[PDB]
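Next up is one chain by itself, shown in structure tokens, the form solved without the partner chain.
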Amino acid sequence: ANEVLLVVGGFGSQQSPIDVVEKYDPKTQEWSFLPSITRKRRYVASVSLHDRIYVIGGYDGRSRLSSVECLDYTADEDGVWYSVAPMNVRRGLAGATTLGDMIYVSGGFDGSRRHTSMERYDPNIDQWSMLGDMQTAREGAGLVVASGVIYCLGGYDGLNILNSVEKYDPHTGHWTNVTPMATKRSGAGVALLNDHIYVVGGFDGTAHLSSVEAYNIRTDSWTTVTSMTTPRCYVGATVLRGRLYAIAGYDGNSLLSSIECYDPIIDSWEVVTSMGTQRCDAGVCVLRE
């Protein structure tokens, strides 16, 4: 039942992509380092599946990455990351999620173009498969699964910040539009809590945002939520033990080491901890121990 939070790579305060992987245990309220990833990767995504941490694409300062590597979370202090099949496309600032026993990765930038494509990883065969294309090409969008359906929210198409939301049903293989967010956001963090997809922070073209919105998947409608303690752009989001966590990010002035948590019943955000690193555009995921 204990869930831990993993924060992988991103952009660090020394103005460089980083390879640092930190783990936060809510039980001890301590951070620990895991073995570092093999390459420095900013604009990176991460997911967990079958107690394996996956680090997906990104940018190493020179190349956008199709590379993917994996860490078995049951390993001891002495390692070791291992590569698995690369994606079909190079993707910086892609959205990544899991549904069933498979990884879904959409959008991103390859250094030339933003992607409408989504692709899927099957661990049993170590293969990535191209799936259907979104209507709008996007980088900086989140991917989230809510009751067997994937939602891709907001982002940036190379000129415009987007408030558009698309959903993908594995049963149909099609993307269709749903009701958009109030505010256009790129680099917002996204997670599901109760029956609602929460979208936290990001950048609206003008300002770095502390604003939060929640989408009722049952009623196709958006509502404003209590704002974060601070603006956070290129911020991670996930849920540990029934609470929404926002991880690190850029506040418009500095990179952040803090993590803050939201509880809908008391309707409050508070900073609960700080990592040893300040970062943005880190990948984030949760493992159950």
Given for the second form:
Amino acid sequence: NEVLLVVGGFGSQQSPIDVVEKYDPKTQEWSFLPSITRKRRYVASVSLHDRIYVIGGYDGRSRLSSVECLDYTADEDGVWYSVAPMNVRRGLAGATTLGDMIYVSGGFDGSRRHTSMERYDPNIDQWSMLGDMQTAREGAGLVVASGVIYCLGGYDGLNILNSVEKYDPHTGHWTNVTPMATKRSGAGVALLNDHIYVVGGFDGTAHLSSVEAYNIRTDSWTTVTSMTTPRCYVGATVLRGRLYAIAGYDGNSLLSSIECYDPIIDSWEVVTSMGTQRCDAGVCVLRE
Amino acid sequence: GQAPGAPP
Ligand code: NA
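Now show me the form deposited with the partner chain bound; what you just gave was the form solved without the partner chain.
In what comes next, the whole complex appears, and the chain from above leads the way.
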């Protein structure tokens, strides 16, 4: 029983917000959870051992290294609490989980984009650094597939990137894989059926509706059916076999909708319009 | 909000 979590981001009020929402795809019901303690946009989120983590971001003054955590208990009325902060302030980082641990890569501290990635273990409540990527990247999503971590595209502060990097646990080093066809920053990323889908983003002149999928077994990219609207700073997650693109910015308006890519139909369906309007929010999946 | 393609 998997539901979708959407946290923080940039709201219609034209500032960072603290709204936490849950979307249940079966019933299509939305509900609010407890708001996070600091308003944060350009923010990342992951779920791990039935706890929600809100990571870094930008409160309208500073890029943040702080981290908030919510125990997703069954008795409701919970409280966010602060946990160990990252080693480095990161707005527009990519985050994922592998095993008992959060991994967070790239981002922006207000001065530089990061090559560094770091990981968190909730049993010791501490962050530690890992290998540096070859290119510093913000707006680059992070996906783990078959024990290998991928950091896709982004923005190095000069160019939007089509390059993709993979992290080899045998070596602790990053190397390049085949790049995407389009350069994208702020695209949504997610793993579905051994493919890494990249949805939307911005290519340096246009907000993108396009989608490509990386076949990990053949190190090759193909074009996937386009989304119903362009979406930049869009989160993407997978849930019972389908891919969801969550809100975002279409180049003109903040979106309140979620469209779902069903590979059975190989096309996108808008499935809800009733979320908060926002972009660069954190998204993750919870079981209940 | 000076991120490439982000809202003003
Ligand atoms: Na508030």
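Residue numbers count along the first chain shown, from 1. Superpose the two forms; the largest set of C-alphas matching within 1.5 Å is the rigid core.
Core-based superposition between these two forms leaves all of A207, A75, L99, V84 but one with CA shifts under 2 Å; the exception is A75.
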